[PDB]
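Presented below, as structure tokens, is a lone chain in the form deposited in one PDB entry.
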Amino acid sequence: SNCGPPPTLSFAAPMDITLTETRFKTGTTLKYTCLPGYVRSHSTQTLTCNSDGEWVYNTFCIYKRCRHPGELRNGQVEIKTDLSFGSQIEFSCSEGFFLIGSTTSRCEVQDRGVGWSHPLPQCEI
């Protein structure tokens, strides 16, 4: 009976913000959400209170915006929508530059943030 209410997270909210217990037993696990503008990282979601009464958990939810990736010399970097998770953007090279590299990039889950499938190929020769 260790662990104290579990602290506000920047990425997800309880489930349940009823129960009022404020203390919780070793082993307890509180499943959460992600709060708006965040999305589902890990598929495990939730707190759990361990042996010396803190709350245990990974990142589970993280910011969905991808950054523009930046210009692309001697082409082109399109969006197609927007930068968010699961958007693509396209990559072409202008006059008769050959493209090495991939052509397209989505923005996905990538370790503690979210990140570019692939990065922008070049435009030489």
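Numbering follows the first chain given and starts at 1. Compared with the form deposited in another entry:
- When the chain is split into two rigid parts to describe its motion between the two forms, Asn58 and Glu90 fall into separate parts.
Could I see the form deposited in another entry next, after the form deposited in one PDB entry?
Lone chain follows.
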């Protein structure tokens, strides 16, 4: 009847109670917080220990979404996946227009939020 350390998470870290003992009461809960790139998903950002030595939670943090970076005059901003954290958008020009600058951008953590890694390109000539 005993669960060890919490599993560490990709999406959230614990709210600092670092003065922690080797295992945790078979009914204890754990207040968490979203990591950079993620926003709070459910009412409950928490882990919990059940009667039989396991850790259990619902994923309470989801990829934050970027702004759409606006029109690309004479080009095409193409969303591969989506516009949320970790996802790439591609730039490409039309007709005779060549593209100058980055051909990709990725929702990266920026400030306390989430922006595009590379600036928009110019679609010119």
